Amino acid sequence: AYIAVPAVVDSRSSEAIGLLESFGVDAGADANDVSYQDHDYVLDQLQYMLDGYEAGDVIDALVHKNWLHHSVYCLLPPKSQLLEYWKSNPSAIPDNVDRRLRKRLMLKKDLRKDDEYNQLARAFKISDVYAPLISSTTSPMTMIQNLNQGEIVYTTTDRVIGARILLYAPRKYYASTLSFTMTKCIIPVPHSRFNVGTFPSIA
Amino acid sequence: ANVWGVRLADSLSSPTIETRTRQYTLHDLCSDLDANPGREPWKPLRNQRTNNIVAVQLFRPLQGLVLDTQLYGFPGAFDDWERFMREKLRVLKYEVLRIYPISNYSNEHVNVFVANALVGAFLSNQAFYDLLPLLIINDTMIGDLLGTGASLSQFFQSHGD
Amino acid sequence: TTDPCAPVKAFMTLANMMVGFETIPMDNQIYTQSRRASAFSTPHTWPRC
Amino acid sequence: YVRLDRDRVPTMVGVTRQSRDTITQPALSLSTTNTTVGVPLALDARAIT
Amino acid sequence: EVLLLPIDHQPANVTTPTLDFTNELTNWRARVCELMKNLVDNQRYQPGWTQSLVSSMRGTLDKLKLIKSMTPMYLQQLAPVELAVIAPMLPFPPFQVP
Amino acid sequence: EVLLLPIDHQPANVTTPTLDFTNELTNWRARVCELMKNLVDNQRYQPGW
Amino acid sequence: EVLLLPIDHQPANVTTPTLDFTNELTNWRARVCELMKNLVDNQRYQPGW
Amino acid sequence: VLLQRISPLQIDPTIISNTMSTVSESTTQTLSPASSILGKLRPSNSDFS
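Residue numbers (the deposited numbering), protein chains in the order written: chain A, 2 to 189, 197 to 211; chain B, 2 to 162; chain C, 639 to 687; chain D, 835 to 883; chain E, 737 to 834; chain F, 737 to 785; chain G, 737 to 785; chain H, 541 to 589.
Calculated directly from the structure, the hints in this document are not laboratory data. Hints may be right or wrong, so weigh each one.
Calculated pairs, DSS-like style, for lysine-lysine (alpha carbon to alpha carbon, straight line, at most 25 Å) [said to hold, decoys possible]:
#, chain 1, residue 1, chain 2, residue 2
1, A, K88, A, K104
2, G, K773, C, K647
3, B, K89, B, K44
4, A, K114, A, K185
5, A, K80, A, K109
6, A, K104, H, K580
7, A, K185, A, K80
8, A, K80, A, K104
9, A, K109, A, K185
10, A, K110, A, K88
11, F, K773, H, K580
12, A, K173, A, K109
13, E, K773, E, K799
14, H, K580, A, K80
15, A, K173, A, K185
16, A, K126, A, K88
17, G, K773, E, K799
18, E, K801, E, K773
19, C, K647, E, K804
20, G, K773, E, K801
21, A, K88, A, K114
22, H, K580, A, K173
23, A, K104, A, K114
24, A, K109, A, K126
25, E, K773, E, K804
26, H, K580, A, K110
27, A, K114, A, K126
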């Protein structure tokens, strides 16, 4: 049972302060029945999204979010940087990658002027390996739908909303902003009967 | 009686008997494509003061000319136009006879819509090879044209039935 | 070259360059006069003209 | 090698190494127990000319 | 259930389109170019120009006539479909006169 | 005393030929592969290659 | 003992070769060059140059 | 799980990998149908629930 209230809610601060008591809710004795979500990162993500898009469509998309289902974004480096990161530590290449590309990537030799690796490099597309990609052009509604269905949503941009963003490669390859508030380290919760959040939903 | 200044005679008359109709066959189509001097799918129209041919009336086939005149690119004078049409129709006759031999399809019924569209497309230099398998009627003209779904679409569009 | 469809590709190369200047009748709406000459690779695709 | 005779243009080459359910004579099972063989190789017309 | 359009609509029959010049807009462009050619070749106008300029203008007009633009075909085969699929979910429904 | 199945069953025998088109499942695989040949045989449905 | 070729072969009769233009490929080159001249001299194309 | 632990059948994906054993031209950009189907099948994965 998810209940939305018109205030910012955090896991620890809203527990320490009597938020429900502030609104007028009677005391619940033991607090094991209620649990508070944290939406401050969601709010700053909302501001970041508003910087690019319009308010109305972002709000409409975020309405359809299920807060009782977990999912996260996986941020990938640009195409080239992904190629060098796979060239290093070659255990990272998934099975979906082409056999010729995989073997050439294991060349452990300077591949700038081989030109077969190079024509393969123009031929390569990230969407071939990873099916769900935001690609910085996806609509917020599609973002929310892909976040609702599934657990890992791959992306190549940081202007997303709805869930925590985890890096896929070491920070060296990423040249984007240092938004450490939403971006965690490259290497790696049950709900109570009542869950209190900020944003209402109709899922 | 008189109406708005148009005088009418004082007697009435009207036709009485209609002519029975005959179907259109492969021999008829081939004879039409062979524009013999005796019979042509066209008839000239002359000016009433200089007695000069200035226009021509088109029978069937040649009733499918729907594009711009520039695309067809016809000669100007009547005699040159007649010749031009004769040489161009000969090739189409041989092309259709390649697919349908006269010894097998002598008395089959042909689709008038498809015939007109084929002649028009060939004269306008368009893709006409797809219209050949629809030349011979299978059950009904309108049914066959309705069932194709995907055609050139500058001749036929299906809005359901 | 040993490709059996070489003569057709030679013909369609000029036909591609002359679209809108000179027109010829194709077979269908898929292999038109502006289709790349490299596509004409099988015997079934040889135009009637 | 054919020049422009489309009717004689080769379309496939196949090799067999097995037989089907109960057929023992190779001539009666060659047509449906073969593997097509062939590969295209690209050349540069800039160099050849 | 009817939308009117100021240009002729011809539904497409294939899903893989290629360049095509059998369009009313392409015909319009060709007619304009040939009219300008006739104006240049008029004998009351040509004597005031150098031969090289006349040749260059004729070549330019030919190139403009034969340019490879996909917009006239798009406007004939695809834009009406997009307008039709967009119309039913507009806050202000279409208001038209013939 | 019965147990329904969605496929046909035969007595157990380990000396059965692998390419036995009498088997329903093996026959199904062969038919599907044959159809795919007709789809790509004349390059009618694959422009842009 | 038979080897096929895609072009016509004519054995040479002298051991001291000299330039010759009676060949298939020489005729092929000449025909292509004459074709391009006809395009340049065409009444619909020449006025634009 | 019970069915898996009592049936003599064993699933070995290396059968598919061994039989393909084909390769395309280096310049050929369209990915050989062989490498394409292998990517879809993913023989390295061993989950067969």
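*Failing hints, ascending?*
4, 9, 22 and 26
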